[PDB]
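6 protein chains.
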Amino acid sequence: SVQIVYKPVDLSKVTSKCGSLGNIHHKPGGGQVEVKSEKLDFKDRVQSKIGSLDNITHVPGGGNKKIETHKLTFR
Amino acid sequence: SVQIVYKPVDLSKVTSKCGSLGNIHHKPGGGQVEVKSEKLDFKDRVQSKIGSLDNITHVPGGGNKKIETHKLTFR
Amino acid sequence: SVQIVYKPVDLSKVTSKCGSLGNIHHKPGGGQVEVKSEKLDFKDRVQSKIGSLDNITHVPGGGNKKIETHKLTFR
Amino acid sequence: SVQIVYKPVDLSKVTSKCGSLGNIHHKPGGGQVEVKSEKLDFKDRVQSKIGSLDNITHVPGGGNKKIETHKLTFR
Amino acid sequence: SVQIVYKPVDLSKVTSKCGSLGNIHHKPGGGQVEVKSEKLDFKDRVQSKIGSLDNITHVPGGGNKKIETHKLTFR
Amino acid sequence: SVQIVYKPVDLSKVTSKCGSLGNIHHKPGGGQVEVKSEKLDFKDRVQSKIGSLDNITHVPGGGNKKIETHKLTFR
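Protein chains in written order, with the authors' numbering: chain A, 305 to 379; chain C, 305 to 379; chain E, 305 to 379; chain D, 305 to 379; chain B, 305 to 379; chain F, 305 to 379.
These are calculated hints, taken from the structure and not from any lab test. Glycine included, each C-beta is placed from N, C-alpha and C at the ideal position. Just so you know, nobody snuck in bad clues.
Below, in silico cross-link-like pairs of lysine-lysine (BS3-like), each with a Cα-Cα straight-line distance of 27 Å or less:
(1) D:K343 with E:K331
(2) C:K340 with E:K353
(3) C:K353 with A:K340
(4) F:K340 with D:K343
(5) E:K340 with A:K343
(6) E:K370 with A:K311
Cβ-Cβ distance ranges computed for the label pairs, FRET-style:
(7) C:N327 with E:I308: 51 to 57 Å
(8) E:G335 with C:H329: 19 to 25 Å
(9) C:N327 with A:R349: 41 to 47 Å
(10) D:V350 with E:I371: 54 to 60 Å
(11) D:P364 with B:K375: 28 to 34 Å
(12) E:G335 with C:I360: 20 to 26 Å
(13) C:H362 with E:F378: 41 to 47 Å
(14) F:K375 with D:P364: 31 to 37 Å
(15) F:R349 with D:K370: 38 to 44 Å
(16) A:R349 with B:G323: 42 to 48 Å
Some residues of chain C that are not near chain B, with every Cβ distance over 12 Å (derived):
(17) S305
(18) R349
(19) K370
(20) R379
Next comes chain A alone, as it looks inside the complex:
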């Protein structure tokens, strides 16, 4: 008879310590933005974006990640 044993013990600790996390600045699109269009002709899907777009300031206290994937395929 076939015997399957599966006992993965996990004694992990993704710790982080931080005294202070501050004084982050993010200034996108400081400069003047000018666009000037004359006698154009479009014929298909036009996606246009002007100014300051999709700007992210992600500041997480921790940010510790743990990705654990378990698998046991038995055909």
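Based on these hints, arrange chains C, E, D, B and F on the given structure of chain A.
Same frame as chain A, but now just chains C, E, D, B and F:
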């Protein structure tokens, strides 16, 4: 007879410590934005975006993630 | 009879220590941006982006990652 | 006997002709203006000006000037 | 006997002709203006100016000037 | 007896002709302007100017000048 044993013990701790988390600034689209269009001709789907759009300031106290996926396919 | 033994013990610790994490600056698109178009002719999908876009200031307190993948294929 | 003759004839004409005078634009202070003061100490007259100030758009139809000064000092 | 003759004839004409005078633009201070002061100490007259100031767009239809000064000092 | 003759005839004409005078642009201070001061100490008159200042767009239809100065000193 087939024996299946499945006992994954999990002694994890995704801790984080932070004294202070402050003074984050985010200024998108500071500059003047001017657009000037003359004698254009569009013929399909037009998506247009001007100014400061889709700007994110995500500031989580923690931000600790744990993704654990378990699977046991038995054909 | 076939014997399968599977006991991976994990005594890991992806620690990090930080006294202070501060004074980060990010200024994209400081300069004036001018565009001037005259007598153009487009005939297909146009994606246009002007100004300061998709700028990221990721500042995580920790940032410790642990990717552990386990597999046990048995045909 | 002393004879004084004073007959300055003036056949001047400071004319101007203009078909059309239009489409003047004046946009001062388009950009965002930020000021941040911390732990200052003033001890005398403080004159402070922020934003868009003392901006002039003088557009005169004519603008023809004639300054004529006459004098006849007799000691 | 002393004879004084003074007859300056003036047949001047400071003319100007203009079909059209248009499409003047003036954009001062397009860019974002940031100031950040910390632990300063002033002791005398402080004149401070931030943003877009004292900007002039003088557009006169004519602008013809004639300065004529006449003098006849007799001691 | 002393004879003074003074008859300056003036048959001048400072003309100008212009079909069209247009499409003048003036964009000062397009760029983002940042100032950052820390632990300064002033002791006398401080004149400070930030941003776009004293910008002039003089566009006169004519601009013809005539300066005529006449003098007749007699001691």
